[PDB]
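Below you will find one chain, with nothing else, as structure tokens; this is the form solved without the ligand, and questions on how it binds or moves follow later.
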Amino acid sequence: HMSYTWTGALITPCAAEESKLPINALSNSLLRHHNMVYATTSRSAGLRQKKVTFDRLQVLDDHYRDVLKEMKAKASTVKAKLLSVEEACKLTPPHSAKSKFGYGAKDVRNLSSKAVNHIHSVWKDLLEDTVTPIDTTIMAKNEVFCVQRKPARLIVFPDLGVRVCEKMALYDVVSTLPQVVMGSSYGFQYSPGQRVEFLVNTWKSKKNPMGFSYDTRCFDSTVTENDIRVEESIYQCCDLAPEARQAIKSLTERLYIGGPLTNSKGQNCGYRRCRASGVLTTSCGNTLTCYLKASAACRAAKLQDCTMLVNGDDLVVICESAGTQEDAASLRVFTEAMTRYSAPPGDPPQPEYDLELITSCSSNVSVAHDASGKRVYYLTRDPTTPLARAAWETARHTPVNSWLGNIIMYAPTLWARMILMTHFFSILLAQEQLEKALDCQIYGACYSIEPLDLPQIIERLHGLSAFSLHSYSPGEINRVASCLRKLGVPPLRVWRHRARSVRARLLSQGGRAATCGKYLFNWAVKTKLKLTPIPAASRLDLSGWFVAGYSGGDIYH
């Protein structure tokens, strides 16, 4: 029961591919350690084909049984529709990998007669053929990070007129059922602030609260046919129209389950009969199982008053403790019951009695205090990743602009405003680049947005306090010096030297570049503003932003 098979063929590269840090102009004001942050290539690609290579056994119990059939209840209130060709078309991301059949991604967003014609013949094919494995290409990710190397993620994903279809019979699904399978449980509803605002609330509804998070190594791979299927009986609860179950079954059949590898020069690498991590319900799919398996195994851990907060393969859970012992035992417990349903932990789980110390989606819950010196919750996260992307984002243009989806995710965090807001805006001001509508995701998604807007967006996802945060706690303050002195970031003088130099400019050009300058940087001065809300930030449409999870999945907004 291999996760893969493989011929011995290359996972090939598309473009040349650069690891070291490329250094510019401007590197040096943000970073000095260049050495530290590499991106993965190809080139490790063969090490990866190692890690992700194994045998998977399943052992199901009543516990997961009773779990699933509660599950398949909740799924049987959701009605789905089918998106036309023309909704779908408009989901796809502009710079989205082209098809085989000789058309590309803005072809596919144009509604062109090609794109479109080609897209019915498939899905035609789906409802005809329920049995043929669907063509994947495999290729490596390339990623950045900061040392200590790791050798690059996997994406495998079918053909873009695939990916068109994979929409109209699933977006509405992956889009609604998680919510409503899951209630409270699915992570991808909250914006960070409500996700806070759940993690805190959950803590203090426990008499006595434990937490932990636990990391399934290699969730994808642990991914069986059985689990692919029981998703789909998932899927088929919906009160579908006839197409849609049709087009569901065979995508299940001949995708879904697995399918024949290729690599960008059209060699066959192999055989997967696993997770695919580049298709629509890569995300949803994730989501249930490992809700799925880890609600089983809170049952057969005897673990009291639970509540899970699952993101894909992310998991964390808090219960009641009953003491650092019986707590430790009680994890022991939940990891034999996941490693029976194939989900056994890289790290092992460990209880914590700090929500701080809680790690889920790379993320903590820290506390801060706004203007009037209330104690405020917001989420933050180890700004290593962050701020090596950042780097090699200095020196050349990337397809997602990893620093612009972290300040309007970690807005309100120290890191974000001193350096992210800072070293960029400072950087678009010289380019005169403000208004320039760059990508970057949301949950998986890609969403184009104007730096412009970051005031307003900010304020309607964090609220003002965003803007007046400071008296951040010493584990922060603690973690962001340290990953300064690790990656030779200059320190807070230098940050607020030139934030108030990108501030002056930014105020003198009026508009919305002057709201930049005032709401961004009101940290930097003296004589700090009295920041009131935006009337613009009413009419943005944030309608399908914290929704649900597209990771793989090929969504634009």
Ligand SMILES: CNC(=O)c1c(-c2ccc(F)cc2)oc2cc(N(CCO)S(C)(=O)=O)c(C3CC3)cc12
Contents of the next structure:
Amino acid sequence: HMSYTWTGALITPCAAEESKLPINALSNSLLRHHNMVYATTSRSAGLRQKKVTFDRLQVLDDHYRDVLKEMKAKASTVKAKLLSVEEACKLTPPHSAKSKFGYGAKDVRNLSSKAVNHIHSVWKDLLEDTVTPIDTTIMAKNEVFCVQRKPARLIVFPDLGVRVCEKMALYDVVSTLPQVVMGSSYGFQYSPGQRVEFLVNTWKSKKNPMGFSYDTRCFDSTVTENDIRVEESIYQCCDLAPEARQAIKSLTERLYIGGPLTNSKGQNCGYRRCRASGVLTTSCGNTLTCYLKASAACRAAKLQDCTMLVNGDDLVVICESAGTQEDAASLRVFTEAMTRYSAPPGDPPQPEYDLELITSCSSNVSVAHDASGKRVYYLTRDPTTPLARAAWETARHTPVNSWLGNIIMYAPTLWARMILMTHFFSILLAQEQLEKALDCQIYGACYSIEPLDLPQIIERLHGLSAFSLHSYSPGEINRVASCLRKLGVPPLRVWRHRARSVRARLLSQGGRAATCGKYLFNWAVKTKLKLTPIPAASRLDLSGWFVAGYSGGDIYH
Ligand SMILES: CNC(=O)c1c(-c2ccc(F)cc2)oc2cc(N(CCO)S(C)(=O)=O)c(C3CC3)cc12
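Moving from the form solved without the ligand to the form deposited with the ligand bound:
Now the complete complex, all chains and molecules, led by this one.
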């Protein structure tokens, strides 16, 4: 019962891959220790293949089937619609990988007849054939990290035509079902501000709160055929159009449960029997499956008043404490239950008695103070990976601008405000590209965003306090400072100095540029302006934003 079988054909690249940090005239203004930053390449895919390849065994008990019955009871209340071809086509990213069959993402988005004709033929075939495995391309991801080296992650995805049909059958399902089935535990529903609020209120809801993060070793590889059938049975509880049901069963049999792996050069690389990383249902399936198993394991471990927070394969549980020694015992029982369900941990879970000491999705809760002095809670992280990618993006144009994503999702943080906003607005001012829309990612979904609209977006995801936070905590300041020394990034005082320059330059352009200077950089100056609610922030249609996650899902807004 192996996650993968392999032929020995290599996972080949699509193009030239750089492993070393590109340097330009801007590089040393951000980061001087360039040998610390690297990009993963297909060269390391061979190592990743070994890591992700193992036997899965599953022992399913009454807690499991009990939780699944409840999950299905809530699933049965969901009505989901089929998307039209044209609705699905406009959800396709502009630089989504082109079809093998003679069209690309822009053909799809323009509703070109060749594209649409092929998509109708793929759909007709899904309705007619519920057995034939669907081909997938396997590729190494190119992502940037700091040293102390990870191997390349693997992306497995079907043809463009198939991807549009997934949207047609399942987009409304994966968008509406997870909140209904999991309620407040479904993490992708929250803005970062709503998410902190939920965590703190949940932490406060307990008499003696304890919490842990539970992170599964190679989650996609732990997902069995049973797990993918159980997900399908949940989707099928929904009130669906008959073609949707058939297409969902076809996509499950032929794509989701498994299939042949082909490289970029067309060679058969092997065969998948676990989760594909680049299908529509990756995030939702993972979130459901992770919730099912973890809720069941809570019951096996008799944890009092478990609150789950689940996003994909990331899981935090906050529950009632039984004292440190017994909590420790209980976590091992939790871990014992999860492992039996084929979800063992990378690192064993540790109980925590301070909300700020729990880390999941690389992030933790911390505290600062707003204008009035009142404490505000916010999500932050070690800035190392964000900064290493900022350094890469200073010298190379990338299809996803992590700096922009990081400004949006960590806008209230010290390091995003002082370093990322300062640095990238300076570059944008110099190139006169403040109004140029840039592709970025929030919860795995693709967004095209104009840097000038950041103040609006930040106010909506965080509120006006994002522009007013101060008196950050000694622990947080310490981590950032230490990261800046390790990477060879100038100290925070240099950034305050440059921010005043950036601020004045932005004000000197007037308009939306001036708004950016006023709101984003008010922290930089001594005589603080008063920051009132932004007129335009109310106008912005933030629907699609924070209903669900779509990591690997090939979704654009
Ligand atoms: C189950 N885990 C969670 O819900 C998350 C926690 C977390 C929870 C409890 C805790 F004690 C410490 C941290 O922090 C997060 C940050 C992000 N973001 C970053 C995505 O990498 S963000 C800052 O955009 O909100 C996300 C995004 C993926 C939805 C999810 C979580």
